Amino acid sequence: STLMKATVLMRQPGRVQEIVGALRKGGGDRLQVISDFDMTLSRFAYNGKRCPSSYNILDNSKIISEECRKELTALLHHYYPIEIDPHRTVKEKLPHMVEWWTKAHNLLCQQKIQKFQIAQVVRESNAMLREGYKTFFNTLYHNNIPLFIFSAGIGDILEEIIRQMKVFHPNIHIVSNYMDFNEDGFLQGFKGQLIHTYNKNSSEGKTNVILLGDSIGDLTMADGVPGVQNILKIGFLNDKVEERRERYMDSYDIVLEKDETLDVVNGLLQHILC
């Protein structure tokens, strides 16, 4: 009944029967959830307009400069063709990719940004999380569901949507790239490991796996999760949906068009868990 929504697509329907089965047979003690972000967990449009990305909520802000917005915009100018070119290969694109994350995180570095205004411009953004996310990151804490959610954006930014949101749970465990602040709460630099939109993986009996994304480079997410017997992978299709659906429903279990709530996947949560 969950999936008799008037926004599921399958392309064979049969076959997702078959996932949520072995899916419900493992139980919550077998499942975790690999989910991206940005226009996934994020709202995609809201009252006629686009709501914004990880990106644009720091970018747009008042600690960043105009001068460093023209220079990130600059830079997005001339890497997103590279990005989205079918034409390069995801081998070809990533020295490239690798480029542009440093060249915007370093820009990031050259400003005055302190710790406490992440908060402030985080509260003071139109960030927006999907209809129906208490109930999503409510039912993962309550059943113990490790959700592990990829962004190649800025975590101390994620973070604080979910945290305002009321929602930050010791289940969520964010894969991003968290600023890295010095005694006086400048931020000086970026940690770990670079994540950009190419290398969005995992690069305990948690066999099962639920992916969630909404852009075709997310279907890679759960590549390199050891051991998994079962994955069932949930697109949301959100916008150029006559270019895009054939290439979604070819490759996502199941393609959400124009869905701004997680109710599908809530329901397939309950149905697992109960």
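Each form is matched to the other, and the largest set of C-alpha atoms that superpose within 1.5 Å is called the rigid core. Residue numbers count along the first chain shown, from 1. First, how it differs from the form deposited in another entry.
- Only one entry in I84, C109, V98, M165 has its C-alpha moved by 2 angstroms or more between these two forms when the rigid core is superposed, and that entry is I84.
- Relative to the superposed core, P226 undergoes a C-alpha shift smaller than 2 Å between these two forms.
- After superposition on the rigid core, displacement of the C-alpha of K240 between these two forms stays below 2 Å.
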Second form
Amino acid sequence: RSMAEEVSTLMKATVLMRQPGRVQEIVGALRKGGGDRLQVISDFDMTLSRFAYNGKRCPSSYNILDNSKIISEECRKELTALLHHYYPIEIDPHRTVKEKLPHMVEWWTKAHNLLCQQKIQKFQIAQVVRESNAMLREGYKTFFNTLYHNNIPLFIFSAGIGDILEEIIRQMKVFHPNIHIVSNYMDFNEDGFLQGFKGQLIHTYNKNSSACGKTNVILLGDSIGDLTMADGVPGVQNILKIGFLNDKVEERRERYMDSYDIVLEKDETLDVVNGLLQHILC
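So that was the form deposited in one PDB entry. Now I'd like the form deposited in another entry, please.
One chain, no partners, no other molecules: that is all that follows.
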């Protein structure tokens, strides 16, 4: 497609809205509020990255490192053992979020620590991403170019590895300087060897703005948990929440429609988001 074809209105067949009139009010407030007040807060995996390509499942960006040749079989077995231990805690309906926090911190820290026992060098991150079949949603060029041209900050949150995310966007030539990645970044020594992780730890239950005049927000996600990503932004006046519903659609549709203003069901593209951005940014 040309970049001019990377735009769609809200009448697209993938679009669901519980309150279409409220959506129009929100969009109107964002437009009249101006580009100078806007920020975009987005999840990465299966939101900006693509779930399927002409119906064929794409690999998850979360699995790029774990599925690559730069970690040993021993390390892969240990990461699987951590998953089998901690995943039941993550999904336990009898524990509060606060109760899950120390265990998620422990899981993420142990998994990062295992990576630090490998012999990973910085240049290998780009290699493993180059060899992966991970893809960005169709229409990413217009999405990233529009936010960059209009000076709109884009905060991309991910509980995965920041270096992997960053490399995907870099290799697609859209790593523009309005992008601010909030994720788990590796720390490399002067010889380029992985020696630790930097900064705030981002796991599934603290992926929000407490980890980072832009009082108007567009939030993009694909999970129910992603609805909290703007928590911690001070003074938000208007927010539009857009959710991609990629799978388990019968189980999830009603809850997604009650919680997100716009749901995009089985939509491999950013076209509806790009159309809203063009309308909002005039």
